[PDB]
Amino acid sequence: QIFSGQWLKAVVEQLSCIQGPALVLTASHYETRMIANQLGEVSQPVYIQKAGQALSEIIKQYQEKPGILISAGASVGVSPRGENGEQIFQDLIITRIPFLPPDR
Amino acid sequence: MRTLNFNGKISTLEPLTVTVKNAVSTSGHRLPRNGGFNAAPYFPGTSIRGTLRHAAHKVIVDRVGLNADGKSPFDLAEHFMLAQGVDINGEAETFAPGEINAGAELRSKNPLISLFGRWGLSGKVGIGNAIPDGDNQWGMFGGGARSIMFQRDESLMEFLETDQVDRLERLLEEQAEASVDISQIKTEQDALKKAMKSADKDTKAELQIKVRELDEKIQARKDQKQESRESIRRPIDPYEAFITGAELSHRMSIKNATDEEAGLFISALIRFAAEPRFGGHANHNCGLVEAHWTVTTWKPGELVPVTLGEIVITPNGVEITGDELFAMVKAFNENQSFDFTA
Amino acid sequence: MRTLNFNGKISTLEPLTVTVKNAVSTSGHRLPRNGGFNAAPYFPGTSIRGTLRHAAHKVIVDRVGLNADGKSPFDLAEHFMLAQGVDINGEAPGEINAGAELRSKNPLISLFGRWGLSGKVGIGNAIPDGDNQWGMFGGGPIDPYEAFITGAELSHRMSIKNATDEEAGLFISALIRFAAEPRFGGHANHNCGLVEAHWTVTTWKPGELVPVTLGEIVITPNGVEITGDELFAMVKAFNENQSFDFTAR
Amino acid sequence: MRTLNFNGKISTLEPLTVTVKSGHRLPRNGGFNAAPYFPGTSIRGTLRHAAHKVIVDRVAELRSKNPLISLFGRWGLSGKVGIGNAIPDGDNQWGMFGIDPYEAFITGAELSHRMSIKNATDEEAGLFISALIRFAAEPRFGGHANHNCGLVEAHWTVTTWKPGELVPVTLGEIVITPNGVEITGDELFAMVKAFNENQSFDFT
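Chains as they are written, first to last, in the UniProt record's numbering: chain G, 417 to 520; chain V, 1 to 342; chain S, 1 to 91, 96 to 144, 235 to 343; chain D, 1 to 21, 27 to 64, 104 to 142, 236 to 341.
Derived by calculation from the structure, the hints in this document are not laboratory data.
A portion of the hints provided could be inaccurate.
Claimed, not checked - Taking beta-carbon pairs under 7 Å as the criterion, some of the chain V residues facing chain D (in silico): (1) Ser155; (2) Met157; (3) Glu161.
Unchecked claim - For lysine-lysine, the following BS3-like pairs were computed, each having C-alpha atoms within a straight-line distance of at most 27 Å: (4) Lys222/V / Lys21/S; (5) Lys425/G / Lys330/V; (6) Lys186/V / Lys21/S; (7) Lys330/V / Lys299/S; (8) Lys225/V / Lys186/V.
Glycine included, each C-beta is placed from N, C-alpha and C at the ideal position.
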């Protein structure tokens, strides 16, 4: 489980090129932590899902101030929709397809 | 060039302990286990071999003798080669041409290196691990706790000056507030510990760094404490040791040992019997043992080994049986052809 | 520079208990057990070692002398060094040979070492000879504490390794002063701890096949009998040596 | 500052019964089949009551203020005094006497007994001897009040030992008996006078 640095640089580069609120669905909370570390928070607030956290707290952290939300796992049929209901993230970055580990 | 098998038992006169760096962990001092967590702990053959090698080195420096001032003729390099087995001047190479057929002559001139070997010269003696005969036979000893001398007895106040009494009281107060500070630092530490293991991969790396810096903070508080750099009244970690009287089966063997090398080994055991100490915690008199070894030889090609005698080490003395062992000791003592500087 | 093994028996005039936090459990003050659950209780060598170390400390501060105010010239750091070996002040390759003269001028810290300084004396665990010499004492919902019985024979064995005449005399004097209050363990109330003990001090010159007994030291409530002119010789050698600086480390 | 050892004998003129506080047996001195002993807990309790009611009759730094607490001590404070148990000398000599019968030593029993004061000063160490003399008025070494178990006589050889010397010196002989209290040794009398002359006291 080592992520190649070139891919990290490319991913942060494409993340920073976004000009609006976005939802980054990484695959592992470990990927969430490495991508957060590699990001320089040049963009509007970066909200990170700590390993074993609760998504809805970051959801309501994100409604007050839309920005870039890197939340691995999560989903399970959820959506960071606004208060009256509107698409508040024009971009959705699936960094890697969440390929399941091999299970001997 | 006869192979001597010293098969015998070490009975533990005082608890037998050893701190093997692998065996110990942050859980606590544990004896080196004979495979796995729950196996029967053994006393390492490395410790016995080192003790016997230092005994043989002392034997050799005593037989060579001392000058009027009491300094052995050997140098630091020769001492380290004889007992420690490490070369100070770099004169030890493995599998190098030129030393072919020089090993026999060096062994004859230097029985110590012959027996215990050096870097590149195979040691003729192998000092096996001590395996207990029966279950249990190991447990936690030492322990106890350091305490404030004057809190345990008050007669020592009448010896300490009022300024020293002030220093005492300040030492107490400071050690106490530092103890509660370290206490809450440890509470944070253990809280971290709970996640150090339960975690995802390289998430925990950060927690490793956190504990490392919390331990640097601990050191900082140590420096802050003033006076004692440590905690005076602290509990002592118990150390695992074999119970007294414990029977530990021991198998040593000397591969193709001349009568001279065998005599040096036996004299080494004789000198070791003066202080029959193995392992550590000598402050608690740990390591004192009485040991009886049946020396048996096995001529290659023969189906059975013949017993050349029994060597019994006891607090009451060293008992040597069989004329073969006596002839070995006499051969070693009489031989004046030993050069320990090569 | 001889190795003196003190081999002998401790007979307990009153019970003898030690609250070692390792053994004590929810049952109460369990004696250290020398094994598993059903092994034979052993009186730790750490307790006897502390008692004899503090006896040596007391004789050292007595032999140094007391000022007119009745106070000892040593400071707190030096007291803690002598009895507890704890570096209160906190002050190596330069120490490789400093141990020789630090031992020579401070016989106590040589005998009972400090952190990084190997102690010459090793005080072992007292172990009962027979069986059923341990029971519960202290009846009074009050925790009964484990302890040995009156007259229990505990086989003890100390050993001083490469000690000089002053070192061995210091240890003998420490035993003399301990025999004034021959109390081991704790439980000062209930008078538990007081023992009468006797040791045959036998030495063993390395190389010799059999050790030679320098004599017997016997501690009884009616006195301390020192047999063997050699133990007296080491005692007076320690007493008359006026060349001990106890302010070095 | 002398550490006083009271080595001596307790002779019993009545069956002493203890463990008043499955059957009523005496505490076992190891195992079950070994000799019995009379627990020092009750002896030190009696000495506690004696010291308490002598200081009532009359009226390190703490030790000078309260000689009682210096002798026996609170939880935090180490008490100088320690009262061991009474061990029988010979074989047998104890029986099921006496309603559930209780276990007791026969009349005429002689027990070897040890008491000690660590680093005693004459001031507070006099209090212990005064506690034994006023004990002698009411010699109760039993656990029964209706059956008045506890009538004993006891003779203690006080042996101090200044540390360092090879032998201890006998201060004197303290005997307690229903006839009264008998004391020997002029220096023991002077010790108890030291106690008397000071008046340092505090309540508990």
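Hints, one by one, checked against the model:
no., hint, result
1, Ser155, "5 Å, holds"
2, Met157, "5 Å, holds"
3, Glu161, "14 Å, violated"
4, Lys222/V / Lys21/S, "25 Å, holds"
5, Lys425/G / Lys330/V, "78 Å, violated"
6, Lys186/V / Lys21/S, "20 Å, holds"
7, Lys330/V / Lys299/S, "19 Å, holds"
8, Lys225/V / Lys186/V, "16 Å, holds"
Checked against the numbered hints above, the structure violates hints 3, 5; every other hint is satisfied.
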